[PDB]
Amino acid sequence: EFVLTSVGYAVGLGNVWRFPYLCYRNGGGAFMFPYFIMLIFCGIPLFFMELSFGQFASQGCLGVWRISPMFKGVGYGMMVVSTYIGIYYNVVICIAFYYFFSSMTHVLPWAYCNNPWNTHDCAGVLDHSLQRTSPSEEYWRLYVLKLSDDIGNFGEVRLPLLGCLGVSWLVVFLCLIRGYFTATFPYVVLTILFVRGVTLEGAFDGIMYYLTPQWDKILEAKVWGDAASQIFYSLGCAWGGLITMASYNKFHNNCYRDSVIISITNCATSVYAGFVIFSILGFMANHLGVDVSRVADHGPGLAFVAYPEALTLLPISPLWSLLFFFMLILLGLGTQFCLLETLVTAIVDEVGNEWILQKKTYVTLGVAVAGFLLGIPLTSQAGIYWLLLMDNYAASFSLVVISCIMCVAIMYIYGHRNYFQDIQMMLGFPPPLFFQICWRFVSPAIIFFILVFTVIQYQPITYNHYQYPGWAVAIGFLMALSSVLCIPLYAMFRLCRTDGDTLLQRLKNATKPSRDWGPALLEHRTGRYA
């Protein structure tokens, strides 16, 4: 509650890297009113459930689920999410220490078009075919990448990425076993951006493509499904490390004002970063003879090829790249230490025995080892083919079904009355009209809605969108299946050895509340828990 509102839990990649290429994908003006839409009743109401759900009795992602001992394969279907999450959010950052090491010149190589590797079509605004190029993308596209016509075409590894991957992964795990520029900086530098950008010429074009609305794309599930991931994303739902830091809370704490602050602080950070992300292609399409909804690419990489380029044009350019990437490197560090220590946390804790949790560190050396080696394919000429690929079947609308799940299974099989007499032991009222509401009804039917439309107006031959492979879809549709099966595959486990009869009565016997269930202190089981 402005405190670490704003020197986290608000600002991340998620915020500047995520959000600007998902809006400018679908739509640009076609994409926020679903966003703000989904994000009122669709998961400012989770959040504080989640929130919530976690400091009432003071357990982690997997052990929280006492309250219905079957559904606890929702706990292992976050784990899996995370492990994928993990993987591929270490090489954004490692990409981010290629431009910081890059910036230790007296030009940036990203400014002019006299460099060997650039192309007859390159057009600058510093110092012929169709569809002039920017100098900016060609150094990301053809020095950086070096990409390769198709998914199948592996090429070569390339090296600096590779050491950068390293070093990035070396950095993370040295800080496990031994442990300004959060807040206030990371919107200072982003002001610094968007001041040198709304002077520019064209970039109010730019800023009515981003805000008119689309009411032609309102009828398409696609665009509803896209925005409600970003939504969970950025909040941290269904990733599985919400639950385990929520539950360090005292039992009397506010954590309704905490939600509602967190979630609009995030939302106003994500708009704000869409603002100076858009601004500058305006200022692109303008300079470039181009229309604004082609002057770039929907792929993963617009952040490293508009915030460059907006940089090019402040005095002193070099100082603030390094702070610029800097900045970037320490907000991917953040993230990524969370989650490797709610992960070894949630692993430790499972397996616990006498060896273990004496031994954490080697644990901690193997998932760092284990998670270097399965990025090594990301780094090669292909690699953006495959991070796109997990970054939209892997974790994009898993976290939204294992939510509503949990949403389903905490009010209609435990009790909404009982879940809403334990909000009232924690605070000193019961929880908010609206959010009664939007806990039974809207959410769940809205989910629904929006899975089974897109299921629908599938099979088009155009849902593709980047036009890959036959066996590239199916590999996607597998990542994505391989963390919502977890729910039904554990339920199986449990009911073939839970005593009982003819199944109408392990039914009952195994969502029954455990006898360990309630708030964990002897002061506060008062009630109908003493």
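Positions refer to the first chain, counted from 1. For clarity, a rigid core is taken as the largest C-alpha set superposing within 1.5 Å between two forms. Compared with the form deposited in another entry:
Considering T199, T191, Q457, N254, one residue stands apart with a C-alpha shift of at least 2 Å between these two forms following superposition on the core, and it is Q457.
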Contents of the next structure:
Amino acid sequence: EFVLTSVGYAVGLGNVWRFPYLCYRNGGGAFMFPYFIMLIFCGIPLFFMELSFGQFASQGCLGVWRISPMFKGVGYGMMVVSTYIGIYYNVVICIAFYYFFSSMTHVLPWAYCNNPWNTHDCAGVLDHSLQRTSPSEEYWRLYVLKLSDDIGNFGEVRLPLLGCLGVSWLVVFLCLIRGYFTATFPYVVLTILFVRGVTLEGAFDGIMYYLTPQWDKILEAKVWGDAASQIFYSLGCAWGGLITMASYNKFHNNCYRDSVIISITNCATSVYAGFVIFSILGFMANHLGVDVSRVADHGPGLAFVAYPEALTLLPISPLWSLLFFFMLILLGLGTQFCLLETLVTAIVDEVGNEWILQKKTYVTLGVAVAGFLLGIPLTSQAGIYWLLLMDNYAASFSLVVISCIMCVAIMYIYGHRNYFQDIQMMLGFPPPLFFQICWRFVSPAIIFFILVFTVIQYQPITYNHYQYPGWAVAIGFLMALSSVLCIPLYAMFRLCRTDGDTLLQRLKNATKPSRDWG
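Next up, can you give the form deposited in another entry of this protein, since the form deposited in one PDB entry came first?
Coming up is the bare chain, nothing alongside it.
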């Protein structure tokens, strides 16, 4: 039953919710081909490299950087990325909590729009007018989240969402002191949703659009940069917990097969989620009158505008809605629990002897209470504006760069021959020929090419799919740089303390693997 265990290791909210909206924003058909190219060459070998690095020396996200102590800032940068996804991941779960709790009525609220909080922009299937909105979209954009016209419009804090955030954080916190249905449940619900949709009118037009590619946007750096964003965010690379949970693996394990299987099931689940989502989008375009490419607003909420519509059409809809949103909550809670456990362990490990080690529960409460206070702005009226900016800036591309430096920290600093000999001690065979060439040359250079295009050469004002004010993009750029500046700054700190005068010969000393390594 190893496949079942590997199936539930990779499935989370990073592909059920993030992948559909990312694909729709990037065009769908023009995103899968870059996604498929990115997954095979840079993201499958990086996953294996991270797994092997964690498995060889049993150490957490940091502390394992004795292969090159000067680059210990890479591990610190990983926790900064993990922290950023630790304060807005819950808000995704909290919206699921609001949707889960609101489905207990006789009928789902997002079924008929004869409600006080709608305008005359409704089409309806169970029921002057231009660009009609789906009944589920208005219930989301006007009741679940009272939207504002700009980021600087906090206004009134949404009380029910604040309560849901408190409940979710308390549930996560109480699941840390105390310690089927986890890998087959998401697939059953996704299959049930797949039987629906594809049998509805106009669904095929929204299916090909998800598949057929356009040879016009495959050259732009935005699509390739975002494809690496999803292939890394939804795979756990550079998150920080990939190495930490790999530390508990045995020495003579088979990390190659584990990595291959986990990546394959993750990609298959992401493709299945996209296939289910785009089935509904075609039906929405057919019944609304607009085309598929303009039927849903490009933004963080697409799993809450497309999925709820599908569940409505099913017989005895409230039970199916409860099951689906409970599945989403379970996946989000599992991923958040893993992330918080890894962060708490990494923080706790490198502190003083006893006064901040035996009282691990208190520091866990402090971490679990810092996220709640930091998550209050995300639950306000201008909530998804901040979450989307945090998603698209903080944990969008840094995960690539932080990993890319890793791919250079061992192959061209530690020594690729030394690392290749190191894996041969783990297994009965040396690393496969595909991973040897891809690690050294094919993968990192590709990242650098994006770093050549998406940074300086090809960054017009068009690189903002939305229209944020100057302060918003400034804070987003600072957040993006906050998780990457930890690598050169820690190197400078090491160079300021290392013993020596030339500091060129000592640069070898500061990068030579430590005696603790092995």
